[PDB]
Amino acid sequence: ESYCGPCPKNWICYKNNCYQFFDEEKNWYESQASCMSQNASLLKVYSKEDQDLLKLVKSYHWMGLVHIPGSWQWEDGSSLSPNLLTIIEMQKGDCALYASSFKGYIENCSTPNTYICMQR
Amino acid sequence: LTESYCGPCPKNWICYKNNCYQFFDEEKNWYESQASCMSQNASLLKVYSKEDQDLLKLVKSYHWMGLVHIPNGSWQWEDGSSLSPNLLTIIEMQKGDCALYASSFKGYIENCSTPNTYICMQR
Ligand SMILES: CN(C)C(=O)[C@@H](NC(=O)c1cnccc1-c1ccc(C(F)(F)F)cc1)c1cccc(C(F)(F)F)c1
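Heads up: the protein sequence lines correspond to chains A and B, in order. All letters in the first sequence, in the order written, are residues 93 to 161, 164 to 214 by PDB author numbering. All letters in the second sequence, in the order written, are residues 91 to 161, 163 to 214 by PDB author numbering.
These aren't lab readings, by the way, just hints derived from the structure by calculation. Everything hinted at is true.
Straight-line Cα separation of at most 25 Å, SDA-like style, residue types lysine to any residue; simulated pairs:
| no. | chain 1 | residue 1 | chain 2 | residue 2 |
| --- | --- | --- | --- | --- |
| 1 | A | 197 | B | 148 |
| 2 | B | 140 | A | 145 |
| 3 | A | 140 | B | 148 |
| 4 | A | 186 | A | 176 |
Residues from chain B that keep clear of chain A, each with C-beta distances beyond 10 Å, as calculated:
| no. | residue |
| --- | --- |
| 5 | 122 |
| 6 | 128 |
| 7 | 152 |
| 8 | 159 |
| 9 | 174 |
Partial pick of chain B residues on the chain A-facing surface, computed with a CB cut under 10 Å:
| no. | residue |
| --- | --- |
| 10 | 92 |
| 11 | 99 |
| 12 | 102 |
| 13 | 103 |
| 14 | 104 |
| 15 | 110 |
| 16 | 131 |
| 17 | 144 |
| 18 | 151 |
Just so you know, even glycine gets a beta-carbon here, dropped at the ideal spot from N, CA and C.
Input sequences plus hints: build the corresponding full structure.
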């Protein structure tokens, strides 16, 4: 038994990270702007153990993984850790969707998708 | 934004507005599902508030919850309390006395002996 968070009330708390799903279809840029307005970022995947709840996520949703032409990187500038995501090519694009279990789909940044914000 | 602590909950359970949830994909009939939650200081999902449990809009598939029909004809939770109105739309699927949760805020009537996935909730 432990106290989780802190997180805002309308967010799921899991191992002290906070997650919120947004059902609005938005492109990657608009989804990142949405998360920032909540004092958050798009989903960052850093650990299969600390984030094992991501195995239960259904459907595909924007996360904060982008390609600047260099490897894939998160919004915060950190590199994607190895052996964490299986990356699959889906569309011509520089952004990625999260899909269970621990997959990233390369996706056109302009394609509207639902999205997951994260705070910690 | 206002930061709150959530819980307390076991570390491997989801916390949402201080309730803790766990999903179980190993299928069990209703009673065995209840026994499994009990062994984890929990009960099957109890639905009491659209606002406090709005995360249930996102819970798909069909999972046992702790809702049973007593043939005084009442609908009750495992803890003995009543199903409150304006919370769930209840639909028959199989003749039975137990209910599966489905999105959004639906319950499907199901034979209590049918194996299904289930949701535990700390209580
Ligand atoms: C039985 N079951 C496992 C479901 O139905 C799952 N539903 C969806 O993932 C789900 C289904 N439609 C739309 C969105 C989601 C979704 C997306 C992101 C998250 C977030 F913000 F968490 F990232 C949460 C849900 C599920 C339901 C509740 C909680 C969780 C969990 F938090 F554990 F991931 C998963």
